[PDB]
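S.K.: Read off the chains here:
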Amino acid sequence: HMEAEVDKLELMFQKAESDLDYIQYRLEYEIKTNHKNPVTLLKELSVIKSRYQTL
Amino acid sequence: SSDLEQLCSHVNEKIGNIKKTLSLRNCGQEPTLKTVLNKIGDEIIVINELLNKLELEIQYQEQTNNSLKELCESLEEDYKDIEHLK
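Just so you know, the sequences run in chain order O and D. Residues 0 to 34, 41 to 60 in the authors' numbering are what the first sequence lists, from first letter to last. The second sequence begins at 3 in the authors' numbering and counts up by one.
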């Protein structure tokens with residue numbers, strides 16, 4: 000009974016997961032297919054914002 | 003950490019991880035972001051050359067203040083010389 004209801008809830012969550020999983024899978028695909042980045046840009050900006058005050 | 007909470011964190015991680023891989027796609031594909039990203043990246047190269055210039059101008063500036071001191075020194079010797087004598 001409620002066990003059945005819960006079986007549903009679990010089923011839904013599992014869907015939501017594979018939903019999310021797909022969205023991700025796609026983004027990764029669009030990403031792979033094309034060819041800077043903010044990551045190294047921060048490191049560079051700290052190297053400058055530092056040796057400016059040093060200098 | 004409850005089974006409930008642990009689930010949530012599983013969710014937020016999947017959610018968050020998308021949003022990051024999302025911004026990674028946006029910033030590396032969509033043009034308006036991609037320019038402002040190169041505009042920063044270019045302006046890093048210049049603000050880097052502006053450092054090298056500030057580097058030499060410092061090791062120059064010093065070397066004059068060095069001479070502009072070493073002059074001032076010798077110039078209080080030849081005065082204390084003329085202060086004692088006349």
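Think of the hints as simulated: they come from the structure by calculation, not from any bench. Among the hints, erroneous ones may be present.
Here are the simulated distance ranges between beta carbons [claimed, not checked]: (1) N28/D / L60/O: 19 to 27 Å; (2) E45/D / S17/O: 19 to 27 Å; (3) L77/D / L46/O: 45 to 53 Å; (4) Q61/D / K48/O: 20 to 28 Å; (5) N28/D / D6/O: 21 to 29 Å; (6) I42/D / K14/O: 22 to 30 Å.
Derived EDC-like pairs (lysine to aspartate or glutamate); straight-line CA-CA distance at most 20 Å [as the list claims (entries may be wrong)]: (7) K55/D / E72/D; (8) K48/O / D5/D; (9) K21/D / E16/O; (10) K16/D / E49/O; (11) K22/D / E9/O; (12) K41/O / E45/D; (13) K55/D / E16/O; (14) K36/D / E49/O; (15) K54/O / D83/D; (16) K54/O / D44/D; (17) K7/O / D5/D; (18) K48/O / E15/D; (19) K16/D / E4/O; (20) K7/O / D18/O; (21) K21/D / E49/O; (22) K16/D / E9/O; (23) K54/O / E32/D; (24) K16/D / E32/D; (25) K14/O / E51/D; (26) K21/D / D18/O; (27) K21/D / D5/D; (28) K41/O / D20/O; (29) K71/D / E59/D; (30) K41/D / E49/O; (31) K22/D / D18/O; (32) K21/D / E4/O; (33) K41/D / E51/D.
Beta carbons are placed, not taken as given, at the ideal position from N, Cα and C, and that holds for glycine.
S.K.: Looking back at the hints listed earlier, which ones does the structure fail to meet?
M.R.: Result: hints 1, 2, 5, 6, 7, 8, 10, 11, 13, 15, 18, 19, 21, 23, 24, 25, 27, 28, 32 break, sorted rising.
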